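Enquirer: Each chain, written out:
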Amino acid sequence: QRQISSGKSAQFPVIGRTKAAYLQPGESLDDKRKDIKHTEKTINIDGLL
Amino acid sequence: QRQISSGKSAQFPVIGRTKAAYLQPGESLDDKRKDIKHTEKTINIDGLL
Amino acid sequence: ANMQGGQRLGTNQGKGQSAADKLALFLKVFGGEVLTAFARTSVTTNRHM
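Line by line, the protein sequences are chains A, F and B.
Here the authors' numbering is used: the first residue of the first sequence is 51, the next is one more, and so on.
Here the authors' numbering is used: the first residue of the second sequence is 51, the next is one more, and so on.
Here the authors' numbering is used: the first residue of the third sequence is 2, the next is one more, and so on.
None of these hints come from the bench; they were simulated from the model.
Each residue gets a CB set at the ideal place from its N, CA and C atoms; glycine is no exception.
It is possible that part of the hints are untrue.
[What the hints assert, rightly or not] Away from chain B, derived, C-beta distances all over 12 Å, residues of chain F:
| id | residue |
| --- | --- |
| 1 | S59 |
| 2 | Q61 |
| 3 | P63 |
| 4 | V64 |
| 5 | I65 |
| 6 | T68 |
| 7 | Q74 |
| 8 | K84 |
| 9 | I86 |
| 10 | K91 |
| 11 | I93 |
| 12 | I95 |
[Unchecked claim] Here are some chain F residues the structure puts well away from chain B; computed CB gaps all over 12 Å:
| id | residue |
| --- | --- |
| 13 | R52 |
| 14 | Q53 |
| 15 | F62 |
| 16 | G66 |
| 17 | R67 |
| 18 | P75 |
| 19 | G76 |
| 20 | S78 |
| 21 | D85 |
| 22 | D96 |
[Unchecked claim] Only pairs whose alpha carbons sit at most 27 Å apart, straight line, appear in this in silico BS3-like list of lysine-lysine:
| id | chain 1 | residue 1 | chain 2 | residue 2 |
| --- | --- | --- | --- | --- |
| 23 | B | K23 | F | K69 |
| 24 | A | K87 | B | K29 |
| 25 | B | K23 | A | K69 |
| 26 | A | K69 | A | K87 |
| 27 | A | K91 | B | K16 |
| 28 | F | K82 | A | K58 |
| 29 | A | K58 | B | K16 |
| 30 | B | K29 | A | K91 |
| 31 | A | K58 | F | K87 |
| 32 | A | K58 | A | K82 |
| 33 | B | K23 | A | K58 |
| 34 | F | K58 | F | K69 |
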C-alpha cells in the first residue's frame, strides 16, 4: 500500500545479487566483472471506483 | 425479547448492501446507480394465551 | 447519458497518431521503494574456529 501522486502507473525496480572472484597479484579487476542485473515491476492505476 | 405497548404488531426494517463500479470519464453516476434495497420483517402478536 | 465534449487529457489525438489508447499522454512515475533481493544470512560464523 504505497502512495504516489500524478501518475498513470507506478514502476518498481529490482536488483539481482552478485558473485565474488579471486584476484591474482598482477590481474586487473576490469578483466573480471559481471555486473548486477536490473529489471522493473509495473503497477498501473485503474479507473475511478 | 423486545417490548411494545398498544400495538397489534411490530415491524423491523432491514437494509441491504451496495456494490462498487468503475466510472469511466464522461459517464454519469446516475446511469449506473443501483439503489440499496429495503424491506421489513414484521412480528405480529397473537391473542391471549 | 454520457457527457458531450468532455475534456480528454489522455487521448493522443494528433494529425497522424492513432489515439486509440485513452491513457497515452499520461506517463508513469517512480514507485515508492526500490525492490531488493532478500538478504542471505551466514550460518557457519560462530560454528568453527
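Enquirer: Broken hints, numbered, in rising order?
Expert: Violated hints (numbers, rising): 7, 18, 19, 20, 25, 27, 31, 32, 34; every other hint is consistent with the structure.
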